[PDB]
Structure formats: structure tokens, C-alpha cells
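Chemist: Using the sequences plus the hints, can you model the full thing?
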Amino acid sequence: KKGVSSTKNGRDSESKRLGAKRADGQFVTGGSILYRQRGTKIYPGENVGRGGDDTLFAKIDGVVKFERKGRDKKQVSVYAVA
Amino acid sequence: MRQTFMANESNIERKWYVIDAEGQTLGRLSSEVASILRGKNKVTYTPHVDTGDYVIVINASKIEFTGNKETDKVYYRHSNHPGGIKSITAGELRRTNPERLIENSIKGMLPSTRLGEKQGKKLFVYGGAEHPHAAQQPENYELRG
Amino acid sequence: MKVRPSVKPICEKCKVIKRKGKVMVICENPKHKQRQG
Amino acid sequence: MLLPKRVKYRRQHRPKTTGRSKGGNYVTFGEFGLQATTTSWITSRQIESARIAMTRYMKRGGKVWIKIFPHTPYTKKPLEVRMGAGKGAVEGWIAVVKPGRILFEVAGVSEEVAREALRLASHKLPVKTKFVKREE
Amino acid sequence: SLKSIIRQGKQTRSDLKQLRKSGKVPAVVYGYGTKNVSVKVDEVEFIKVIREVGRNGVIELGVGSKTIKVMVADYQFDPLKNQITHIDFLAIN
Amino acid sequence: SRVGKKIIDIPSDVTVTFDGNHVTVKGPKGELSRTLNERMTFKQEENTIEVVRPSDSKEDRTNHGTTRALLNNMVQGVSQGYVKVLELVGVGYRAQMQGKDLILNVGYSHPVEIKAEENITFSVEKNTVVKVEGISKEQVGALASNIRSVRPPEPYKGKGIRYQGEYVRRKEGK
RNA sequence: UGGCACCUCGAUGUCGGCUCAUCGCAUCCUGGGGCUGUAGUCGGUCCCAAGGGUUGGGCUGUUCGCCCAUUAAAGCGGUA
RNA sequence: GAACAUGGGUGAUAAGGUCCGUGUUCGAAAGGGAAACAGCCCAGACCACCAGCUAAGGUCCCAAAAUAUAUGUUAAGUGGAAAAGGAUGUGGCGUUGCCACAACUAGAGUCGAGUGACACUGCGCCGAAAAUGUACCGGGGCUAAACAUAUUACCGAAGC
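So the protein lines, in turn, are chains S, H, C, E, V and W.
So for the first sequence, my numbering puts the first residue at 17; every next one is plus one.
So for the second sequence, my numbering puts the first residue at 168; every next one is plus one.
So for the third sequence, my numbering puts the first residue at 3; every next one is plus one.
So for the fourth sequence, my numbering puts the first residue at 17; every next one is plus one.
So for the fifth sequence, my numbering puts the first residue at 67; every next one is plus one.
So for the sixth sequence, my numbering puts the first residue at 422; every next one is plus one.
Calculated from the structure, these hints are not laboratory results.
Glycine included, every Cβ here is placed at the ideal spot set by N, Cα and C.
Quick list of in silico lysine to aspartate or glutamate cross-link-like pairs, EDC-like style, CA-CA up to 20 Å:
(1) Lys144(E) - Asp144(V)
(2) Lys20(C) - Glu480(W)
(3) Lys33(C) - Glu593(W)
(4) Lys22(C) - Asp481(W)
(5) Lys426(W) - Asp477(W)
(6) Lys33(C) - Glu587(W)
(7) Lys22(C) - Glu237(H)
(8) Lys592(W) - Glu30(C)
(9) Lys79(E) - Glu64(E)
(10) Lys146(E) - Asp144(V)
(11) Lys114(V) - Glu151(E)
(12) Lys18(S) - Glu96(E)
(13) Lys17(S) - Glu96(E)
(14) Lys20(C) - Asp481(W)
(15) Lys38(E) - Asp144(V)
(16) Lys22(C) - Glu480(W)
(17) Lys147(V) - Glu152(E)
(18) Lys15(C) - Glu587(W)
Sample of chain S residues with no beta-carbon within 10 Å of chain E, all distances over it, derived:
(19) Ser29
(20) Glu30
(21) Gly35
(22) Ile49
(23) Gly55
(24) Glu62
(25) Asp69
(26) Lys75
(27) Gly78
(28) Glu83
(29) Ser93
(30) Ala96
(31) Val97
Modeler: Quick look at the structure:
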């Protein structure tokens, strides 16, 4: 019944939909998106490139391949095979 | 509809039986009497007519019960009055008016219909004295399944 | 007598035996004696 | 009242209470351990209302060694009000125990004292206990 | 200590808890010449480990063949029961 | 289990004959009493009834110690015959007899009367006291006890009539 | 004293007092007791016991509450 | 939108409370079982029949079918409603040890036959007080017509 002492909270922001966008072993187009994330969780490998410090995209057609780089770091690649 | 014999009046005949409760355990000797009163031991039994025979007891003061139910298992009764709870009789009511004891027990295992009330009026229980129905030529059932 | 659920053989003179519903105790003094409650 | 000093967050979640124990299933600092057999939240106030008492039986005799410390501080609202306008201010400190954990440890003193002392102490805690004899 | 176990069986469904009240334990020897070829022991002949080795020494095995000194090393003590589960040995080589 | 093979004598002024579920002690010591002793398998071969009925039933080990003693107390108290004494603590009990109706007094404005039964002898060497006899302690006992408890003796200061001897809880106040 | 909002807003309409009741036991009086730091009268805590009893006034509207004079006693509650 | 079963937050490991997540049923679903009971268990009605086999649940009487068989467990009517505790309750699991332990007594000698702490238990016992009337086995009643297993036979829906 009594006007309460209110809440010093309540704020948040819209989610960005990060993660993988193309599956390993499937065929693509030149220029398609493969992953979206802050910082380089998965490095760009063969015939792929990093955009503006994110969006690892493909540069030529073919099939994608996820792989390990050194000991603890991964990478993505595309091969021309048809 | 098809062929199904239906027993009716002037086609069924009732008899007279005599059971003895010398070494019975009330309940066990009550369920076997209810079936005979309902007439569920004939091949021509219909559930819309009064089929069966009459039963007569001659030893209602010899009934026994195992366990401590002789001191417990009290009988309650109301008279539709503010605080009319009547429980004067308990489990030792087999010495005073024991005919009602068996009567109620056998009347508590019958249907509460208009035909189930007239079927319970074909039972005569006696404390220990012999029955005066010698002109009915009652057959001695005694032995129970 | 006393009445509490935690009866036992209380002092070094009181010792127990089961009755009907009470597991009360018998001994020499009426300052240590109890029946279940 | 075994409580800490510096805490990052003051409002937390109720701890999980299911399954067996993890660590502290044995005894070190003394010959004799008091085990636990069910699950509950011991709440610092038990501990100091079941420590001073065990020592008031011990008459400042031998020494004890506590094997339970309340970390997660539980909170609670004051007077019964409406539902939901924030969270109540922290007012307690809780510790969670599971079956198979030694809560107290003592040394040197006779086994008659051990039995007739942990039976005194367990009569305050909401968990059911059982004696342990360092049974190698 | 002359204590003898036998080669028990794997591919076990977990229906053994109930054949466990009747005494047993697992046991697996380490060391060359054989492998984790497990052996099954019983308890109330271990109600007398009190005199057997202490904790550090020798035990016979009689486990068909290669019956030599084998050392039960680890501990797999169990809560809430005063029971035991999977005590296990090793070869001396 | 308690008292199993404690097969003791029956050297009597009497005999024992078993048909029913009981005994009966006809002897010049005590003529012809018995209850129903035991529905156990009772024997009596040449002088005594010590019959090995009960075993392996929890009820059986109290049945033994009870029904060997139904027979036992009956045969003995109807053979032996043994009631001990009672006490005279105070001044002014008026102890007497009138057949099977004695008298005492306690300090009531009106000495209230008590009368007893037979088969328990009304024995009076008693001028401020009680000391009686009979045959069966089951029947001299409850009456040796109605006489115990007329004015429960002063648990402070001495007055009363009671049994053969113990201590009473003696209490003090202002 | 509160918490929840499941029946009722084409109406489930009112706190004390008056009149008349009925049920409970967690017993105020009477009764049967073991135990008292109970000699006796008395009285304190406990156990069993629900049949019937359980007063007239002064003072604010008081369901409360204090006071006056009695009585074997002036018990606590449930029943919109 | 609702309940039930799970995974969390919030509140008091309070609510037939409140907010999200994954399923099913009700909503829009009749039929059989749970004494009566939208949400629980079994199962989805096109229409006729005085045909047959089964599911959950059951087979002394009310009321269809075993007063079936073999084995144990239980003396409270437990079954047929709660907890910390308490203890000369107990059927099973291990001890420990006198060849004395029941009447010995220090706050020493015998005679004749079982004694106990401890440990895991399975079933019981006490802890257990409310207002119209017995008053949660549904009722009569039951020492098996109860509980834990095994194998059977038969009954049972608008399912086949």
C-alpha cells in the first residue's frame, strides 16, 4: 500500500546475432559471410579475408573447411574444388 | 432381441435353509449368506425379479472374531438431535440382543434399492433358541464353501 | 512421575522395561521417573 | 559468527542442494571427526551457538578445529510488504553441507569426552550427524 | 598374506549394485606381463586385512597364472555405508 | 530361553492329575483347588508336571515363565501355604476379628468396616498389627493388600498400617 | 498483523449491545489422583475427566481496559 | 491461457503465488480406471448387432472375474495421513567372549546354558489436540480379504 523504494536497475541492449553462418563442408559463393564476432576468435585462413575487424568472408567459390592453426588457435579456409 | 430366458413370477420356486454359527467368524459367514439371499447360486438368476430362498440361523450367541475387535469396533448411531451420538454398545454386544449384531452385518452387504430391502426380510436370526418354523420343512445347509 | 518424550534410564539406579505403550522406568527413587508423552 | 570482510557482490543466488559431497570428507587436525548425513544450510549462528556450548562442556580444555565456513551471504526482506520491488538487504551468512563431510575436529581428549561432546554439539544443527573414529 | 581373487567380467550392466550386497569389490592389477585384467575380491576375508600387510607390502594372488606379489595401491573408500568399491593392485616386475 | 529345563519336584501332601487344560491339588495340605494352568502340552508322569511346551516363539518364553508358574504357584501355595507379616506403625490400631471380618482404626470419626472371603484364612495374632495366612497367595494377596492401604501411612510422621518391612519416603516441612 | 487475487460489482448490503442458542477442550468451580521446596488448613506443576454451572454495578461508543462489592467459581475458543 | 513433470529467477529450498525455457494433455476430446474430481494413468467415437481378443486397473459381499499355488515379512487393524529425537522393539546381515550371564557385589567362592555395545539394514512403537454426526479402507467387514516377491488362469473400453 506504501510507495516503495524503487529499483536502480533496468537497462540492457539489443543482442547481436554472432556465431557461425555457414557449415563446414558446404558449397558457397564468392563474397558470403562465414562468422561474425568481436575480436578474432577464428583467424582467416586460405582465400578468406577479415572485414572491419570482424565478418570473416569468402573470396572465391568452393567448400569451407574449419581447422586448427598452431596449438590453440583455429582458422577457416575455402578451396576452389568443385 | 434374440433368445435369452428371463425368469418371472409363477415359474420360480424358493426353499428354506438352516445355517449354524457355532465356530464361524461373522464376516466370513455373512458374505456366504448374502449370495444365497440374492439368489446368485441358480442358473436362472435375473437382476429384475426376486430370485433365491430364505435362510435361518440358530446360534447367534456363539459367533467369534479374531484380534482385539471384541473390545474395539464400537457401533455408532444418531437420532437427528443436537448431540444424539449413541455408542453405548461396543464389541461386547453379543451378550445383550446378539440377534441385531448378525442382522446388521448381513444387512450391510445388500443393495439399498426397493427390491434389496424386501430381499433382506427373508432372514430370521435367533440368539440360541430353536426356530419355530417346523411347518416349512427347512433343509440343513450348515456346511459352507 | 514426569512426562516427556525423551525418557531413558536416567540416573545410575533407574533401568527400563517396555509396558503397553510406555517404555517407562522402575527404580528406587521418585526424583528420576518418567512416562512417555 | 564466522563472516568475511571484502565482497564484490552483496546479492547472490541460493546455492544448489542436491547430490553427494565434494571435498572435506576426512579429518586432519585431530583424532576425531563428526560426519554429516543429510543436507541443509548451516548459518554461522548455529556455529557460534554450538561452539561456545561445546567448549562450555569442554570447560576450556582441549582445542577444536572448524571445517565449515559460510561464504554465500543470504538476504531477507524486513516487514511483510508487496511482492517485487528489488531485493532485500543481506542479513545472514550460510554454508551448505552434503552427506559425507567432517564438520568438526578435536584432538587429545578422551573418547568419552568426544562422544559426550559431539552429541552435545549436534543438538543445534539442522543436519543429522554420525560419529567418525578416523577409521583407516 | 595369502589372499586370492579371480578374473571378473566386463561389459557390465550397472545391475551389480544388487549383486553387491553379497560381498565383493572390483580390483585391477597394474604392471607388465598382463594388463588391466581385473580381479574380484570379497570383504569378510578382508575383515582380517588387519593382520595381512598393514598397508605396504605383499599379497598373493593365485589369479590363475602369474600369481606373484601384487600391491593394492589406491583408495576408493565410500561414504554413508562403511562399504568399499574398487580397491586395486599392481605387479612388482 | 529364560528358565527352560528348571524341572523341579512335586513332593506333596497331594497329587496332580491332568485332563482338561489344567491341574488340581488334592492334598491334606490343601484340598482341591486349581485354575486352568496351561493349554500347553502338559504332562505329569510319576510325580510332577514339568512339560516342555514352548520354544522359538517370543511369546513362548513368557508363556513358560507364566504357565509353569500358574501350575507352580497353585500346586505350592495349595501345598505349602505361606503368608508373612504386616506392620504396626503408630498408636491406636484396634486389631481384632469377627469371623471373616476384622477391624482396625486410622483416626476416622467413624471406623469404616471391611469384610473378606473364605479360602483365604482370616488369621489374627494382631492387637495393633496384621499377620495373616491362607493357602493361595493369589487370593491372600489382594486382601493382604486391601488391608495395606486403608490410611496410606504418614509419609512424614509414622502413623499407619503396612507390610513386613522396607523404608518409607520420610518427608519434612515447616 | 500480514502475503496471493481463485467464487460474488444486471448488489454476498452494516462494528459493538439486546433476545435466544449449539459445539469444542488447550479445565475457572466441582471430582479422581501420583508429586511437591505437600506434617495439618492451604497452595505450586503434572496426568485423567466435558455432565452441569460460570454475579450485579461506576467510567469513554468501545470487540479492549481499569475500579467497587460479592461468589463454590466469576476459564479460553469456534461457529459469514 | 490453465494444470502436471522436469531445468532456473523472485519470495521465506512459503502459496492452487509470480515471470521465462523444453515436453504432453485440457482448451476444441466422448470412452475405461483414480469412491464423486476440464489439466493425473490407458486410449482418439462414420453407422447396425442379445459375437470374439486385449490396455490401465483389478478378482470375499455391494459389483464382471482366484475365498488360486509356492515362499518369506508383519501383531499394529500397521495397512487406511506429518518431523527432530527416544528406547531391554525386531527378521535379516558382521562382530566380540566368558564354557561368566541371569539371584555374587567393591562406590570375594559358587551353580548350569546363552549374553551383548558396535555396523548396515527391512518392517513396526511412542512422539500425534478442535470445534453439526461415526468421519479419509468409499460402506459391511477382514489376521489375510494386509505387505514383498514369482509363475500362472480369467474378468475388463466407443481400442483391435
